[PDB]
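> So you can see what is in the structure, the chains are spelled out below.
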Amino acid sequence: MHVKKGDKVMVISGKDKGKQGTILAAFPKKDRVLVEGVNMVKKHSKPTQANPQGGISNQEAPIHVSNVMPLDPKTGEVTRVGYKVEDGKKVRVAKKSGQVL
Amino acid sequence: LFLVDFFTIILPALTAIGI
Amino acid sequence: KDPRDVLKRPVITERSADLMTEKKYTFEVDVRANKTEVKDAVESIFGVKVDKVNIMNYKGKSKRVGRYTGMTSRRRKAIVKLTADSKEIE
Amino acid sequence: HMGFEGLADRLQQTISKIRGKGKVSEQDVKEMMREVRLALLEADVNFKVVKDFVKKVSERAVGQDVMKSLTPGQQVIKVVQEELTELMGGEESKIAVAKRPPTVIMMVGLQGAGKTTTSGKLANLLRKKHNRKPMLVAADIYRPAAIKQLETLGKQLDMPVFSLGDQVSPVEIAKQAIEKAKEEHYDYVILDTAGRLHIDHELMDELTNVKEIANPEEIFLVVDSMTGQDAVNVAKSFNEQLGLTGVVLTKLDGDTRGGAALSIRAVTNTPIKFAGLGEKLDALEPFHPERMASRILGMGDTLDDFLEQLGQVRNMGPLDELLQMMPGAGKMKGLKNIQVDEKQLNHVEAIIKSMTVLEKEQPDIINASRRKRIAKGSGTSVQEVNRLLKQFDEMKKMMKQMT
Amino acid sequence: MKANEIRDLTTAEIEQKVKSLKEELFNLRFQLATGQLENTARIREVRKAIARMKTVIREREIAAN
RNA sequence: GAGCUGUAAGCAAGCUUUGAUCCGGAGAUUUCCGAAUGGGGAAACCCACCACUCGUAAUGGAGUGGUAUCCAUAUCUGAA
RNA sequence: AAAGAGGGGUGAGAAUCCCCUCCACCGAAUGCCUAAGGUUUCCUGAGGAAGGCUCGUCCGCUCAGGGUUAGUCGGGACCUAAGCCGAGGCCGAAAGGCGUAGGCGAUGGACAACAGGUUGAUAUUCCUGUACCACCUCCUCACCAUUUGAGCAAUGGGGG
Ligand SMILES: Nc1nc2c(ncn2[C@@H]2O[C@H](COP(=O)(O)OP(=O)(O)O)[C@@H](OP(=O)(O)OP(=O)(O)O)[C@H]2O)c(=O)[nH]1
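Sequence lines, in order, name chains t, h, s, g and w.
The numbering of the first sequence is PDB author numbering, which starts it at 1 and goes up by one.
The numbering of the second sequence is PDB author numbering, which starts it at 12 and goes up by one.
The numbering of the third sequence is PDB author numbering, which starts it at 2 and goes up by one.
Going by PDB author numbering, the letters in the fourth sequence line up with residues -2 to 298, 330 to 431, in that order.
The numbering of the fifth sequence is PDB author numbering, which starts it at 1 and goes up by one.
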């Protein structure tokens, strides 16, 4: 899984092509990730605790992780990742630069 | 339980009983 | 052996509560327990004097969920009956 | 109803840890008590009272697992609750009743505590809860507007307010007041006395003179709960320069700490008789130390005709007996629900009063357009009507299960 | 907690904490069966703690022999 | 190197960057039947003896370890 | 294989379900205990899609709770019959077959509790009164003798 919870993701593929978002939930068992603002879907539900009103509700569906690239911090353009020991813990060096994440 | 039934009816009238 | 694992869990029922009012307590013990050691274990843990221990054991109910046809585990219900002028058990 | 919310907030997370864990350890009680001690200190509880309270609870809480291994944590909570209860006075301390009417009650305190307002609140309580016939008296001549303030409250209660203006001594006012009360058969005489911002000599000289001529059966200090330990000190000074028999704590509706309430007894031995809970005249309750202790610890204790009776008894018919207010205090400890009907309950009542007598007798007889018209008259199209019918069906199922 | 169990002294207080711990577990099961226990991971963690404090005893004995 | 309490859509509660769940090597526990081996038995059961501990005033009760047959070696005793 | 009929009651709905009142059947049984067997079908509260040779609100079906209490009853901690296994043994291409001591094995022998009460479901089992059998000694009482020995009996004879 080349992304983490709290990334600055620019999506690649789908109806939502090319918009920003922060990851709130990654599901690495299924290789799906939940980026905010993408796959806004309408769930119908009759019960709701903490004051039931029922009604349609607008939530975010997870997307597959291969529709996801992180962003290089210097240029802002999406790039692939690499791994390099920075004298201690391993960090994700973005390609086309030397900085991390 | 008459008192419990009355309390549940009051709660359902105030909002709703759990089903 | 340990007096704690003799008594597994209590039984809370209307019949059980009527026996509580008539000062005979009920417990569920492990499947290889003994009448003497149920008496010894309840006297050891709760510090009360007993008159009798009345032990039966129960078969397994057959429960199904969809395709699955299993059986509930067996239980050994053990009623202890305390003496007159003894401490109660909570 | 009101008060102590901040101390509760603090205590109740440390209480959480112990209650869940049945096991009692030397380290568990020590830890809970360190937190309890910090919470009482931050609530401005008297310092000696804290150190004695932490000692007596901790001593009982480690003989209690020896006391009982059954529900051990819920036993530790019961000890804390019992000690909180004694700390705020053991039990409800009721109003004195003289052998011969009238019972003379002297209200004292410093300016701004709430004397004048509380005088009116107490008269109101005496008539509504005890069916008495009280008389208010205007003994504070030293501010202007003081007399007119009391007279105004008197006119809302339909109760006399004795006054001889501001050019006559309060000793004389009290004397004549009590004699008129004898002649006209008044049960109680409530004297609203003078007071500046701070105690002085010529306050206490006057109050002792009034006590003398009036021989009161009760002398109540009215004191502002939000002043913390300053209220405990005002109490100590009044109880020593004249005799206090009681204390009325005002403005609990703004007091989140509770220092004064937890400290008055232990420092002055004067009991707390009433709590003021607001600006209105009907915001006075007897002080019930059990129920406040319980509060601080989060611890509690014809279909149409039936719906109309439930709406009458739930919306404006609030007031239970047999410990119904005690178990239902704070919404019954909140009940894990954060939603109240309020305007939803008002809309439910409006939807309930949208049908004929035959429809109220038989709720299932309404056709689809039959309560489409009722929903048009109510304001919710189908949603409120069908929710009300689902609630009626659920109540019928619950009644069938209970019967 | 396993480093604490190694670092503490050898013979008897592990047995005393097993015994004392066992009583709490016995009390804890009773509370779950009667149905007024709030937290249920306490049963799991007390069972894991009893297991690790018994296995430090057996590891100590098989190291001693 | 950040999600995890399987299968399984569950919040009654909790654990983890003082490094969880997951993966490999070596260890510990491994009830009861089963060649089953203390004696029996109709598979998952019943009843014992000896030694040492727990408890009772003592009997009752419990825990732990031994107790099958044949063979090999060694020791003692060696019938008509 | 055989007898119901009407009035109430519930329900959305009935000849079929519940109550009542008459009528009819068995009565060396179609009654009451209890084996082999079955395994939760027993009781209470809900359901009517399937099962019910029709319907069904009903159940031996479906769902959730509950219910089987022993010193004396039956079997073990006692015995043996037929029979079965069988240390050593005797045979036998191999497996195996037979058989002594020993043991297992009731359908038999021996053996201490009964009559009243109870709940929706257990009753010589729970409660009340009155008993009985085996064993033990912190104890109380009497007797005998602590080697010219009181008392006990043994896996052995004998009667039973
Ligand atoms: N919330 C609340 N207020 C109470 C209570 N009891 C009294 N008060 C308020 O305290 C202020 C002083 O009351 P007084 O009745 O004049 O007291 P006093 O005779 O001792 O001077 C009053 O309002 P005030 O002068 O307008 O207050 P402020 O404007 O000075 O703050 C009064 O409304 C109570 O129980 N709860």
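Hints are computed from structural coordinates only; laboratory data are not their basis.
You may find that some hints are simply not true.
Subject to a maximum C-alpha distance of 27 Å in a straight line, what follows is the list of computed DSSO-like cross-link-like pairs (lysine-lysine) [what the hints assert, rightly or not]:
hint, chain 1, residue 1, chain 2, residue 2
1, s, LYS88, g, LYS75
2, w, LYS54, s, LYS9
3, w, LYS48, g, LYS65
4, g, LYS65, s, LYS24
5, s, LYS40, g, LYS277
6, g, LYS27, g, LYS14
7, w, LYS54, g, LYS233
8, g, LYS404, g, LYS428
9, g, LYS233, s, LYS82
10, s, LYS88, g, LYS20
11, g, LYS65, s, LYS36
12, g, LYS65, s, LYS2
13, g, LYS400, w, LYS17
14, w, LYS48, s, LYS2
15, s, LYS2, w, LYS17
16, s, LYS50, g, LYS208
17, g, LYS91, g, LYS248
18, w, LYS2, g, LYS20
19, g, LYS75, s, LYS24
20, s, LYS2, w, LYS54
21, g, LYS75, g, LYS96
22, g, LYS91, g, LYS14
23, g, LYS277, g, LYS152
24, g, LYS208, g, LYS233
25, s, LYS50, s, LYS24
26, s, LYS36, s, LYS60
27, s, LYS40, w, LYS22
28, g, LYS145, w, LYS17
29, w, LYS22, s, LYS88
30, s, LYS50, w, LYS19
31, w, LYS17, s, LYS9
32, w, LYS17, g, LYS248
33, w, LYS2, s, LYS40
34, g, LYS277, g, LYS388
> Each hint needs a verdict: does it hold in this structure or not?
To see whether the hints hold, each was checked on the structure:
no., hint, result
1, s:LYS88 - g:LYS75, "20 Å, holds"
2, w:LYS54 - s:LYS9, "21 Å, holds"
3, w:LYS48 - g:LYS65, "26 Å, holds"
4, g:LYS65 - s:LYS24, "19 Å, holds"
5, s:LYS40 - g:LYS277, "64 Å, violated"
6, g:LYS27 - g:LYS14, "13 Å, holds"
7, w:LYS54 - g:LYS233, "60 Å, violated"
8, g:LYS404 - g:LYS428, "32 Å, violated"
9, g:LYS233 - s:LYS82, "58 Å, violated"
10, s:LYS88 - g:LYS20, "21 Å, holds"
11, g:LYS65 - s:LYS36, "25 Å, holds"
12, g:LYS65 - s:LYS2, "23 Å, holds"
13, g:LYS400 - w:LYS17, "70 Å, violated"
14, w:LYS48 - s:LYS2, "20 Å, holds"
15, s:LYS2 - w:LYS17, "17 Å, holds"
16, s:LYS50 - g:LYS208, "64 Å, violated"
17, g:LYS91 - g:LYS248, "21 Å, holds"
18, w:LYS2 - g:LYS20, "22 Å, holds"
19, g:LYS75 - s:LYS24, "26 Å, holds"
20, s:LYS2 - w:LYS54, "15 Å, holds"
21, g:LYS75 - g:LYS96, "39 Å, violated"
22, g:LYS91 - g:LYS14, "37 Å, violated"
23, g:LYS277 - g:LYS152, "14 Å, holds"
24, g:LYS208 - g:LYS233, "18 Å, holds"
25, s:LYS50 - s:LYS24, "12 Å, holds"
26, s:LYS36 - s:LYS60, "19 Å, holds"
27, s:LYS40 - w:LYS22, "20 Å, holds"
28, g:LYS145 - w:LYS17, "73 Å, violated"
29, w:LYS22 - s:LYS88, "23 Å, holds"
30, s:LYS50 - w:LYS19, "23 Å, holds"
31, w:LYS17 - s:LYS9, "21 Å, holds"
32, w:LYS17 - g:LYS248, "51 Å, violated"
33, w:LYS2 - s:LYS40, "37 Å, violated"
34, g:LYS277 - g:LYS388, "39 Å, violated"
Of the numbered hints stated above, those contradicted by the structure are hints 5, 7, 8, 9, 13, 16, 21, 22, 28, 32, 33 and 34, listed in ascending order.
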